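We begin with a single chain expressed as structure tokens, specifically the form deposited in one PDB entry.
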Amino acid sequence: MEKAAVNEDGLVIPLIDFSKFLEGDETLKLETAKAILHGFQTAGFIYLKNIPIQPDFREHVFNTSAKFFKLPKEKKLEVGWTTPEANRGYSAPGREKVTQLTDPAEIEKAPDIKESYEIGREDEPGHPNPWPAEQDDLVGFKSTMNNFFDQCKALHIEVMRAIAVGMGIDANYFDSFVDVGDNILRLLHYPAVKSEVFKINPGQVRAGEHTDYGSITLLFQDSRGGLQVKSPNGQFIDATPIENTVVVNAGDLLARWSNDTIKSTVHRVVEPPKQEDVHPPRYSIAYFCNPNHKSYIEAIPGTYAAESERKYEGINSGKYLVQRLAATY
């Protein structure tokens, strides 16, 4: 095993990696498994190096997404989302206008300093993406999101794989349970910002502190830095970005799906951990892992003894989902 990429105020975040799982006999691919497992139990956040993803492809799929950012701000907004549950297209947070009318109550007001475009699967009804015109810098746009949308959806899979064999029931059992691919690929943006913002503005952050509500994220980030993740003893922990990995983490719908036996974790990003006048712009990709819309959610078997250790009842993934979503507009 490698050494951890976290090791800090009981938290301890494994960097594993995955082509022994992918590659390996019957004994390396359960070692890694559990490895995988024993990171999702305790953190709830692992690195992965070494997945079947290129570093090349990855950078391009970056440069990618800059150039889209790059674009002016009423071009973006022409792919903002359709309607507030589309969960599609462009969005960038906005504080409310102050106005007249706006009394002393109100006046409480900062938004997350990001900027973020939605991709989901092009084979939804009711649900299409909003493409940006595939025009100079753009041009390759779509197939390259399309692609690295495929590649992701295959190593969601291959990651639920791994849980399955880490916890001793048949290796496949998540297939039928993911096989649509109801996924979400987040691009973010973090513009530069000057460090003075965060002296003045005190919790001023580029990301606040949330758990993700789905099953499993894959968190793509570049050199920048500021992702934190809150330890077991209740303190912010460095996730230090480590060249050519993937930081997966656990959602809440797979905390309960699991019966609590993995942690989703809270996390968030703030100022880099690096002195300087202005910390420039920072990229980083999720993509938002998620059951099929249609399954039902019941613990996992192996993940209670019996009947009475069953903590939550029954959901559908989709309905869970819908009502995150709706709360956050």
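Numbering follows the first chain given and starts at 1. Rigid core (definition): largest C-alpha set, two forms, superposition within 1.5 Å. First, how it differs from the form deposited in another entry.
- Superposing the rigid core between these two forms leaves a single residue from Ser223, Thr83, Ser143, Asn172 with a C-alpha shift of at least 2 Å: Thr83.
- When the rigid core is held fixed, the Cα atom of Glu74 travels less than 2 angstroms between these two forms.
- Annotation: Cα of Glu243 displaced by less than 2 Å between these two forms, core superposition.
- Superposition of the core reveals a Cα shift of 2 Å or more for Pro104 between these two forms.
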Second form
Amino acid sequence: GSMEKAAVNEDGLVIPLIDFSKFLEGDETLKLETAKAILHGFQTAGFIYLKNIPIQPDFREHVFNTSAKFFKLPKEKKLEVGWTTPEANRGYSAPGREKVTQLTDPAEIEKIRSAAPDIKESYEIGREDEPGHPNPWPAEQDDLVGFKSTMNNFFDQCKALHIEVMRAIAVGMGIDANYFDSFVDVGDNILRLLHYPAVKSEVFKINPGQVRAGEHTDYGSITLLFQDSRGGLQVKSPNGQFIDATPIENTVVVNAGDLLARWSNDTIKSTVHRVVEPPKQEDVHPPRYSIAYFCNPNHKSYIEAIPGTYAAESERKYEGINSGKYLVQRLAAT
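Swap state to the form deposited in another entry from the form deposited in one PDB entry:
Chain only, nothing else included.
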């Protein structure tokens, strides 16, 4: 069985490149080999690249084109569909500078004044039919005609992909192939469109510590990350260094989130990542587009150790928790 050359192999960080069609269409031997490679990637790096996924390259290109049209909207039009609450987790956001006020404590005035917010904007789309949380869609006029149908379409295709990656994890684990289905069939996921504007390289010297997206771990089961060719995504190695996650054409970068890490009793890794300047020298960095589809267990799901991830009960690291409650706590914290 032929393994691909690793997508990343640096400083102890080995991110495998895996042909997903071999899980979806292989004979039983190839299917199991591929599933095990998928799992093993999650257990070690917490990240994998997938190629030959069921989402077609020209549709993905159309989705990026559609997202680029949204972000070209005037500022007033984007704020109209602004992010509201952690409970909804839907709409437009652009991080601003914190302000010094009467309430501010003198100890951190220096820090507030010197802080540099992430140079990015985002628009988040949840599933259409979640009770009490409608998506704030922009008006379908001119270039945004077709925006909703395209993004809903993409949402459902990523939703299907999530279900399939979890099946690969289950197969790799040697548990029931369909174990995760009833934990993820609702599709309580979040489609985050990202635009990192063109920025002069010097902004990064004027604001030291300035990034495009701050270091973090994702919250959910897995995240499907579709990046353009610009570069800048970095993943933390076992040795504590950020390593470039080079774009590879027509791949999806897939990482486990904090909930899956906990769910798996820490047999699966949720790995710190960030977006910085592209590794390339240049006076101006062009606009960078990515799309992060955050996958989650159903909000109603109760999360406790998956079978086969511990031997004795004393090996269980975590109390069971409700999935929905956990996520709102992560989203509301800041």
